[PDB]
Structures are given as C-alpha cells and as structure tokens.
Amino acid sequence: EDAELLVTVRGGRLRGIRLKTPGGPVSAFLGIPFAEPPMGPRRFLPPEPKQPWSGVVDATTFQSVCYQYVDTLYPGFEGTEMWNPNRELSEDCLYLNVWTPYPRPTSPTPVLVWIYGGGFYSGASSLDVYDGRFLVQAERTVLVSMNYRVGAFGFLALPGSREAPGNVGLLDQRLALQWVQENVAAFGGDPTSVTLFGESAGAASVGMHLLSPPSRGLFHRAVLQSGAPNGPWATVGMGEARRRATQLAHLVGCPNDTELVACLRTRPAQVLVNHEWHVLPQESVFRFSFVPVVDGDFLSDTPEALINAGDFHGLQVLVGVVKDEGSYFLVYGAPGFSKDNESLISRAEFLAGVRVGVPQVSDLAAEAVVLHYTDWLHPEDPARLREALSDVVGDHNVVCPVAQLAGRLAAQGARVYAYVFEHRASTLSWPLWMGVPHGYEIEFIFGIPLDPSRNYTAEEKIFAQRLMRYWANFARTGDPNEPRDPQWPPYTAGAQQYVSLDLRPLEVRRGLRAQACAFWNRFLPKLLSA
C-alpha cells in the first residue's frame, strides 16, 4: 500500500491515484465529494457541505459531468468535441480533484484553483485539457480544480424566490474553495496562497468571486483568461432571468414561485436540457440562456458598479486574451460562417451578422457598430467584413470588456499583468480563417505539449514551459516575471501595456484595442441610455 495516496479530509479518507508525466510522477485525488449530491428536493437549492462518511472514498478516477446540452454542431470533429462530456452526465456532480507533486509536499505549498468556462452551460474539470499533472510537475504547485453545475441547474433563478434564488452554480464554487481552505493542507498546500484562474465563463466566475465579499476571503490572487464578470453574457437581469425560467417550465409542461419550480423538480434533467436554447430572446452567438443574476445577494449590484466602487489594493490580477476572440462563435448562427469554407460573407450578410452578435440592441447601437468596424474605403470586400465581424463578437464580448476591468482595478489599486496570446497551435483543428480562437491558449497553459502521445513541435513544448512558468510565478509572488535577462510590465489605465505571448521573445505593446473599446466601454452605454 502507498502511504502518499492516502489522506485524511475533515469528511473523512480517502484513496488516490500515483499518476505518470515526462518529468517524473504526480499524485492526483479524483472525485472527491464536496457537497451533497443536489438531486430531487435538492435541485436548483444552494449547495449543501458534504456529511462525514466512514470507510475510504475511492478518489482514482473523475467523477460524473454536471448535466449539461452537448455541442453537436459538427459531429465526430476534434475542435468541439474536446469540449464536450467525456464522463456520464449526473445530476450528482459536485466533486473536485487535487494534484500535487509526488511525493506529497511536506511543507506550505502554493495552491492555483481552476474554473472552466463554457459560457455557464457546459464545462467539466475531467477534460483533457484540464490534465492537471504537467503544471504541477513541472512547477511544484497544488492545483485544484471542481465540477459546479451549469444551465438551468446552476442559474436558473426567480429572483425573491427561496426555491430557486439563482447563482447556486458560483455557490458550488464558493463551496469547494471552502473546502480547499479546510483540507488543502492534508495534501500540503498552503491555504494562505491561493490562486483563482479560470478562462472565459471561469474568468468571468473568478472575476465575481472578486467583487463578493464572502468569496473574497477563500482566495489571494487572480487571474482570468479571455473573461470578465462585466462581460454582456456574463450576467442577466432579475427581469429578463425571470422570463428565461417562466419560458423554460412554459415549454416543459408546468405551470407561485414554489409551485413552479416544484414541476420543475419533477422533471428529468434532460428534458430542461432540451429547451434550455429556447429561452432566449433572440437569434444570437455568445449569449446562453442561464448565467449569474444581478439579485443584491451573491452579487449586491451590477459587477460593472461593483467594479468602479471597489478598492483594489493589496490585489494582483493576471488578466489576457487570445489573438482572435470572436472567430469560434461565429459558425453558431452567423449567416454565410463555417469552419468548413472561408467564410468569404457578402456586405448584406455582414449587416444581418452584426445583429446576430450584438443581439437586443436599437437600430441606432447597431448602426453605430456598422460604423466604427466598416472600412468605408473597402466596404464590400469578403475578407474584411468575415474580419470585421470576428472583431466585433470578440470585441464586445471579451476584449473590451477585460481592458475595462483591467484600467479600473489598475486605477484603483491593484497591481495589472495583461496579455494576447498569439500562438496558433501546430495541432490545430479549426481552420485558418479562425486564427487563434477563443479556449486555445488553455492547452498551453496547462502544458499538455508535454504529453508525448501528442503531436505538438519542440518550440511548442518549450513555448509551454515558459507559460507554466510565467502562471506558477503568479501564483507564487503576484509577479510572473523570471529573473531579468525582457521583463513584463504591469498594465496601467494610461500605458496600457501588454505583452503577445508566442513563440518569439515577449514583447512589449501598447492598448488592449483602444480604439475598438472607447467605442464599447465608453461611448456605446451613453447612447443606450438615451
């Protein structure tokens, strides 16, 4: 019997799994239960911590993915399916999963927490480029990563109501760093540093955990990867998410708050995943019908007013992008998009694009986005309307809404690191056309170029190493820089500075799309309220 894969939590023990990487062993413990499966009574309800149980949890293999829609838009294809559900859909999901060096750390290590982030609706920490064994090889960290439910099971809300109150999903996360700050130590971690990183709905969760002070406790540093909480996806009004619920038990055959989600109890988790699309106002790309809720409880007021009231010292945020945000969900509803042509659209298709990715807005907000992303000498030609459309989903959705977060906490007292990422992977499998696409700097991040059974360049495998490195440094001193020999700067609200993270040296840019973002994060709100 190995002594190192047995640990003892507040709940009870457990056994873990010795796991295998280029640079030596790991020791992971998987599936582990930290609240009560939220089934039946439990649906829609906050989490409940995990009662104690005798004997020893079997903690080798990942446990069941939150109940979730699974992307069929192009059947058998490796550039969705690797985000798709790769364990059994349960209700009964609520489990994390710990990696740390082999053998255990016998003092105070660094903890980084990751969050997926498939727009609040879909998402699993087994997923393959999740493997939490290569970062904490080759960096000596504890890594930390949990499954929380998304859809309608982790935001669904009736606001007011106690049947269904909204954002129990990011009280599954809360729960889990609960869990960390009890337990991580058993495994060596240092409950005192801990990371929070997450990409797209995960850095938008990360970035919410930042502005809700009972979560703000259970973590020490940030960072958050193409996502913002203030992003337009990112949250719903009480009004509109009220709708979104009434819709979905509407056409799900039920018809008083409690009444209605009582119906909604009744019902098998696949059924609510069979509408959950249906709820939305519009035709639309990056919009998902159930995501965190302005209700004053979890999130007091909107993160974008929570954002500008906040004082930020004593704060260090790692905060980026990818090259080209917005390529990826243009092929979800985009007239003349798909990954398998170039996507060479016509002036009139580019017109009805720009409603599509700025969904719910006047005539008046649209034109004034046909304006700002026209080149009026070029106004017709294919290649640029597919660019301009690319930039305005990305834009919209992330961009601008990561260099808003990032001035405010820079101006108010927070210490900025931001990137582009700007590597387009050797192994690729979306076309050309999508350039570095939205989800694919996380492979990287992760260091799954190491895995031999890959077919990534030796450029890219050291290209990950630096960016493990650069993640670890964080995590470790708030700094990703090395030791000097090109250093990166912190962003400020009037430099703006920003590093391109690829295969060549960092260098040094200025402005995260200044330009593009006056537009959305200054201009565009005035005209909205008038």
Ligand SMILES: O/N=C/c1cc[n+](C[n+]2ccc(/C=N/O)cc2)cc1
Second form
2 protein chains.
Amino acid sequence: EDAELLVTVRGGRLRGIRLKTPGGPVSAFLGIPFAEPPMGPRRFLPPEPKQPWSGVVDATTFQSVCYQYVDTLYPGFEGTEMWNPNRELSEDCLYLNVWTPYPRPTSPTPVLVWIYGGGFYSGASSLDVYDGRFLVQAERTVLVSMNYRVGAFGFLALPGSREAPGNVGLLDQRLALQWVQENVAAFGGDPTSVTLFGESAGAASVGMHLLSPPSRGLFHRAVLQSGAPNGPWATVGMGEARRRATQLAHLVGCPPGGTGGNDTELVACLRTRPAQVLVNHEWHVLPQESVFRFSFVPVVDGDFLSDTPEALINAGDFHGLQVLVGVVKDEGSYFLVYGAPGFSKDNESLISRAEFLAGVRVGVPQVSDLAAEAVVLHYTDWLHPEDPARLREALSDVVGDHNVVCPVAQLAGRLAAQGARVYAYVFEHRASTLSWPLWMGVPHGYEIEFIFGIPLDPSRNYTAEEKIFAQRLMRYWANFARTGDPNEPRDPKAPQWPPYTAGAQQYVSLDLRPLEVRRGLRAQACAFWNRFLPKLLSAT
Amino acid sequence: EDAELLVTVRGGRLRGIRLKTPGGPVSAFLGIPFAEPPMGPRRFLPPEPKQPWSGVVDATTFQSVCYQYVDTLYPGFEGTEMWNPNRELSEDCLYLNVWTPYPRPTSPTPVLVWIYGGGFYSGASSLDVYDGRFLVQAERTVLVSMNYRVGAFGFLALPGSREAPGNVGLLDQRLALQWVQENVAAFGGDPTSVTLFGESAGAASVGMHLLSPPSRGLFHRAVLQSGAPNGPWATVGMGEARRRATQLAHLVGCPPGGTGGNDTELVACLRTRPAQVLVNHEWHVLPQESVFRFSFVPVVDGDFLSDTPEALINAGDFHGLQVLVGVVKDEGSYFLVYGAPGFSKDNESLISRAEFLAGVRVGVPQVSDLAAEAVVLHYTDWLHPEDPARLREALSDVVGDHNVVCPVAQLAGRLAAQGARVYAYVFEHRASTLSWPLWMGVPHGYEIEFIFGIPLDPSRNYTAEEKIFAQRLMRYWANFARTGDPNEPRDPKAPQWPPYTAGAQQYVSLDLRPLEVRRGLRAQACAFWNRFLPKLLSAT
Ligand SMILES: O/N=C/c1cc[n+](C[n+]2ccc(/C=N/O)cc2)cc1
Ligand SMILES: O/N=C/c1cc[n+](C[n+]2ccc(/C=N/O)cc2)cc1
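Would you generate the structure of this protein in the form deposited with the named molecule bound, following the form solved without the named molecule above?
Shown next: the complete complex, the earlier chain at its head.
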C-alpha cells in the first residue's frame, strides 16, 4: 500500500506515487536526482554523483527537461509535438525514474533501462509515450529511464581540453547506470539482469556503451531500435567538433572584442551565456544542407571511444552478449518533411525527377557528385523513372537505408559473427491513430507506443487488435530482458523467432499477423552502402 | 461611475472595464464585435456587418487574435515575442476596442484609430505596446483599434473570382471605420475628426485607404509610421497573387488527386482545411530568398485599388488633407537578423565584404546582377571598403532605404506638392530598456511604445527623461489629431515643427533633445532608389 511508496536509497529517502493501469497498480518514483545539477561552472563538464540529502525527496512527478531546441515545423500537430518537452526547461535536469510492480517484487527482478532518442539535440524521459506503467504491470519487470544532457550542453567538445571534454551526455547515462547498479535492488530489481534499450539516438547510445569498457560492465543485454553507433549522424571527428564549438561561441559573442581564443577563455565565455541563447544558435554551426545532420553529437576523442565505432565493432569480442536489433518499415519518411524539396505532410508529396535528384543531396550530405549519381542509379526504377509515387518511396529508402537500416544491419551482422547472439525484427504495423499522412507508412519512432503498451490506456482510441498486439510485443521485450531470448521459454505454440546470423540473416516481421521469418535486412541495398560506396569514396 | 462602463451602440449594449493610469482612470471597451465571424463558407470573403445582439455583450477583455504565423526565431526573447499573439488564435477575430477618458467627454472629442503592422501576416490589437490607456488619459482623445484578417485569411486572392476576391483584410479595416462613423459618438468621440495612424503594414494600410475613394470618406487625417503603400513589399500583381494562392492550395492537397481546380473548386477545397494547416505553409509560397517579402499582401485588382499605389499617388489630389509621416533612425537592422548572412543578435554582426554582397541580394531581392552592383557601389565607402562595422551599417541602410525610408519620402514629397499638408519626423531615441543589441540602434517598430505612453506604466524601468519624452510625443500626435498640426496651438516658446515641402524637405528629430529641424529624408540615397534604379531596371 502507501508503505510501499516509501524507499531509501544510498542518497536518502524517496516518496513515490501509485499509477493506475486497467490491470492493476504500479509504484513509480519519478524525479530521483542522480547527479549534482550541471550548472554554472559545471556546464559542459562530466557529471558528479548527487550528494546525499536530508529529508524525503518528493518523487511523484517528472522533473525538468534538459535545455533543448523545440520543434516548430508543424505547430499544433500531434505527430511532432509528442516529442517536444512536456516539462519546463532547465540545466538542472539530471533525474531518473523507476517503475516497479505492485506488490513490490520480493525476488530480484530483471531491469529494463530506457534511453531516449532525438539526435542528441532533444528528448526527455517524461514524454507520454515513454510511460512505463503498462510494461511494468503486464510483465512485472523494473523499468528505469534517465535524463541526459543534449545539444551543446551534452556534446559540445573542445577536444584535449578539460573545460569542454565532450560526450558528457554519454557520461550522464553512464552515471545513471552506475546508480542502477548501486540502488535498483531497493526497488526489487536485479542488478545482474540489466537490459538497456533505446531508440534512434538512444540506440546509438546503447551501442556506444557496448563499445566503451567502463560502461560495458554496467549492463548485460542491449536492444537497439532504429539506430546504431556506426551511423553517419551519430559521431563527429575532433577537428569538426572544434570547428562547431568555436562557431557557436562566435555566434553568441565569444571571444568578446578580440581577446584570446584558447579553450579556457572560450569555455569561460560560453558559461556566462544564458542557456536559451546557446540553443537559439544550435542549427547555425551547420551549413544546412542538413536533414539528418546534427550539430553536437558524440565525438571520437579517444577517451569514451578509443577509436571510431566502426573500428571497435570490427575488432570486438561479443561472446556472452545478447542483442535485439530492428527497424521500422519506413525509416526515412519522417525526415523528408524537414527540408527535402517537394515534400509536405499535408499533400501527397508526389515529387518530380529533379526534386528526387536534389533530395538525395540533403538525405546523403557531404558526398561527392559522382557518388550521389550511383545512389540515383541504385534507387531508380528504369521502367518507371518518372513515377512520382515511386520516386517518393525511393528517396525515403535512400534516407532510411543510408542513415538507419544499413548501419544497423552492418552492426547486427558483425555482432553475430563475433560471438554475440542477435535477434532482428522489422516493425510493420501502422497505428490506427497515427496523425502523419498515409504515404509515410510506418514512420521512424512509432514502434515505441507498442513497446510501452500505450494502447492499453483506456483514454486512447486504439483497436482491440492493437491491444493484443501491444501485449505480445511487451512479452517479446520482457522475455529478452529476462532470458536473453524473445521466445517464450515453455511455449512451442507461438511461431518461433530464429536468431540473426551473418550468413542466413534471418529476422521477423512485427505486425498484427503472427510472426513470419524473412531473409536480409535490405541485403541488396545495404551492400551498396556498406561495401561499394566506401570503395568509390576512397578513389579520389 | 459604473454607469459610464455601460454603453449602447447600434447593435446592442456593452459593459466596459475601467483601466488605471498613474494620472487617472480610463473607460475601455475591449472586444466589440464589428463583423460576423468570417468562418466556414465566409472564409476569404469580404466581411459582413455584425448582426444586432440581445443582452449585454461583455467588453472587458481583448478578443481572439486572427490566425497568423508565430515568430520562433529567438524563443523566449522579449524583442521578438512582444509582437507575438497574446490571446488565443481564432478565425472569429473581427473585434475592435475603444478607449475613452473618465469622465466621458461631453462634447465631441477627436478620435485616433490605430492599425497594427506586421507585414500583413501577423499582428493584433491586444499587444501590450498598443495599450491606449496612457494616450487617452493624458490627451483626452478617443482611441480605437481593430483586428483585421492577416495572411492567407486576409489577403489570399484569386483575382477576378468572387470566392476569393482579395484585400478582405483591408475591407475588415474599412468596416471598422464605418463602425467608428456610426458608433464612436456614443463614446464621446467626434466622427468628423477621425485620424488614422498605423505602423509598418499599418502605415501601408493607412496609405491604401487614402488611395481608395470608399475609404477616404471615413477619416480626415493620416499618420504613417515606418511604412507606405508604395513600398516594394506592400502590394502584389494579379498574376503573382494567383500563382501564390494556387501554390498554397497545392501544399495543403488542393485540388485532390484526380481533380481539376477552377477558382471555385480550389477555394472550396481551401475552405475545408483547418486554419493552422494553411498557416503552416504560408512561407513556402515564395522562394526564400526572403526577408522583406511576404506571401499574402494587398493585391492590385482594380477594385480596392483602381491602379498601383505609385500611379494613384502621382495622379492624386490631396487638398484639405493633413499627413504626419516619419521613420526610425535604423529601419533596416531589425530585419537583418532574419536572414542576412553573418548576422546574429547575440554578437556584433561584424560582417565580411562577401557577406555584404550576399546580403544585398536578400535585402533587395528580385533585381538583376547589374542592379545589385549599383547598390553595392553606391553604399560602399571606398576609403574603408572592408571595414566590417561600416558594411553592417551599410546593409542596414540598403534594406532600410529600399523598403521604408525612400517609399515614405517618395510618398511624402508627392503629397505636399499636390495639396496635402505634410509633417515629417525621424525617431532617434533608443529606449533604455531595449532588449535588442546596441548595433541595431533604433530598430523598426520601437517608436510605438513612446507614442502610446508605455513609459508611464509604473511597473516598467523607464527613466524620468523618457517619461517626459513620452508625454511630449503624445501631445504631438494628439495635437495633430485635433488641429491637423503637431505644434502647440499657443506655445511659441517651444521649438517649432515646420511642414515638409517637396523643395525644402524639412523634418524634425524626435529624441530627448528639443526639436531640431533638418532637411532631406536621406535625400541622396533615396534619389538612387526613386529616380535612377527604375531607369537602370529598364535594361533587362
Ligand atoms: O528557416 N528555418 C528552418 C528550420 C527548420 C528546422 N530547423 C531545425 N531542425 C533541422 C533538421 C531536423 C531534422 N530532424 O530529423 C530537425 C530540426 C532549423 C531551421
Ligand atoms: O522553422 N521555420 C523557420 C522559419 C520559417 C519561416 N521563415 C520566413 N520568415 C521570413 C521573414 C520573417 C520576418 N521578416 O521581417 C519571418 C519569417 C523563417 C524561418
């Protein structure tokens, strides 16, 4: 009862709240501080553990959202606003959340840890679609989600210097993982059965923790949904990270009046600026020329990542690891309305031939003029080279394959061939309540509703089939968190989910129909990006 | 007492509210409906007069703001968000407001009518800087301000057709002027002493009412602040208006695939779309390539404007008309931040020369390469052709002269030479509470707060000299409204404000110093725009 809404951790006491689901109650502890607020002289610095507190911290509501750009492409639109901050912005934002079943588990229960997406420039654990009350009630697992610094506050990097080392947003997530190790037992969770799962930039973070030794010891399984650390958008070099950080300082007036520009006086000048000022100039340090290119992302400093993600994946030993990777059916359609010519969510987006040739440039940026042509060859149907509907879905594939599906398949194949046990999926159900246009199909990020059991919310108009479907998906994710295998341990009735190996390359389709095994995560198209295109780009 | 907060007009009864100033109370009637709500089948149509109502309409708060794009360039910034809507958005927005002194004037009192600016795409009568409580208390005049439809809802035009005739936003203002003729007497106002005053697009609107015979009979004086109808941004051709309206229909899916659209089926399709959907695609109608160019502006159809504003100003007879025109000192700096390269309000905007040549293309669009060169070579100081600070002020003058100062001076000269009595000013005081950077000087729109006596608000950190300066400014505007002459009727000791003539070209400087007469509203620069540039543009 209300006695179970009181919990003591290594820092102090907490009072949680009881959440209601149609199948029973859940105990939530929203707003637990896990780090000292990274404000003032602590801006751009690695997080420090929260010092113990006196009294009872209130943990009945979500805390502040980290300072971030707010999307204004379609004001008043549910499809874009559902990802916007739903609490007020503040640099004081390093807080995590723990859901636990009622009654509290008496035996150590596996823990799922969620990491949010949003290009490393946005995101919050308080979004309605990340509500863990349905996943915890239905599968009796422990769910943990943290906030990490995004944008410049999380990933502005002057490499080498100690005032702005970079990747502090990744260190925020790591500290929250150390917090789970030291404190999840008090909530009934098993610190030896921790399964990370993220989406988009969250999946890239999950993968970047696999490739970082200090973070690897803090978890045991990984789930990467529509994202991977080896993506062309998920990392940046040291020289470019220095250029962008210096450019942002110039846009806000640093250094002032022509004084010195060494990294000490530059960061000190950046620390005196209001947080909103830095955010208001985030998308200027890029040419734009940018969908799918974000200003401040993890850098290859040599610290958090001793080498590039692709190098660490190719040389990695992954025995004893279980991974669940997957993508949605139409990864790239969500990103076309952000600058691809001829595209608009309010019409059919029937683009011309010339608009397709220009859209390849914003979808695949920083590419040579001849390499952009090989993309047009590979994705043009030459029996219908002018059909606008086919060109629309072609550019969607160009952007989806280059940025998500093929970086994921490249990672999934290397893991299975080097000791890891890998399961792959492709989410193919379009929600009956989706506000995006029909031509986008299953857009990026719209499998999250069903993983978190949001259809079970009685205040939402989901179908009865989507409720059974969401419950089936939650069992898949929970079974993987418990046993490292999405298949039910004692049920041969349901169709089986075979592992993904580098040879057969088997995956299953996730929709209202029973499971169906297929071969190849866009095997033909991804050979163009993973195998041929580097050979062509290196010939200069 | 409270009996004066009750007034009957030709439509019904109203209950006003009493506003407080540090020098006495004011009776305000905010939210008076003057037209039937232009919703449903009445979208894009000329306004119909409000039907009489039963009971007492509440007139104690501002009504809704007309649907308009919300500026998001600098979120959380006072300088931009002070012009953003401060009431809920609705197509039901045709309401006006009346301020009147306490006690109510017993004899007919002159009436000032305010028309807000905002490039015909934004603006509202409810903004705090348009609060008429200080002008009415200090000068005992009657102040009226209306809302008019902006953007596509006010100025989308398929010329010729009757489903979308265009200029309905100008007809909104005219209906409010006919309302003042029929009802301002009930508030103590003189319908024979009505003085229009607007700013930016409001000043452009005031000028278009001078050039429209039906609107000319509803007022007797005019004040044009930082705007004129003959500006390169205030009008559009019939062919471009049709191209712009058709483009907006395509962006929202009109007409549906498999259907052709005449002017009827196209507007019928546009009338079924939510208002926010039309707003979300307003800026895609033009290339952008756009500061200083707005999608939906008054069209030259032959109806409201029998010819272009330039033609009607030249052939116009203006005897018996008093006009007060003026500009601010730095008309162009506010708009550079909206697209000129190298410009940022948070640094010094010390642009290179390459950025200067590029900025001329954005500030002066739609001109040939030879024409752009003549602008660069005319505005370059050749002893310092690379000084960034001089290039910044140069580009500020380039867009300030081309869009505001020279259209005003061109208009002011033609009026004084064809019968009108004209007074000119240049506002040269930068408010002590201004949130824009110092290098913007006196930006566009920041004389309004002194005309409306906002410094008198005791909850604002204005200086004592600005309070005296604000009171002195309101007297000029009130004296012009009463007598058609800003000079004090019987105060010969104060410096005099001589009329503006086409030859002497005299104006006064408005700042904390007493009046100083000067000659030439940028006479050398405006000769380049008004006299030579048309001749050079006759060369393809
Ligand atoms: O006129 N300015 C338009 C404009 C629009 C959007 N942004 C920010 N932005 C860019 C890309 C993406 C990609 N998301 O997948 C998200 C957000 C800046 C400026
Ligand atoms: O995410 N969208 C950003 C964005 C959308 C549309 N514009 C066009 N625009 C031009 C001029 C002005 C004001 N001029 O004074 C206001 C707006 C710019 C940026």
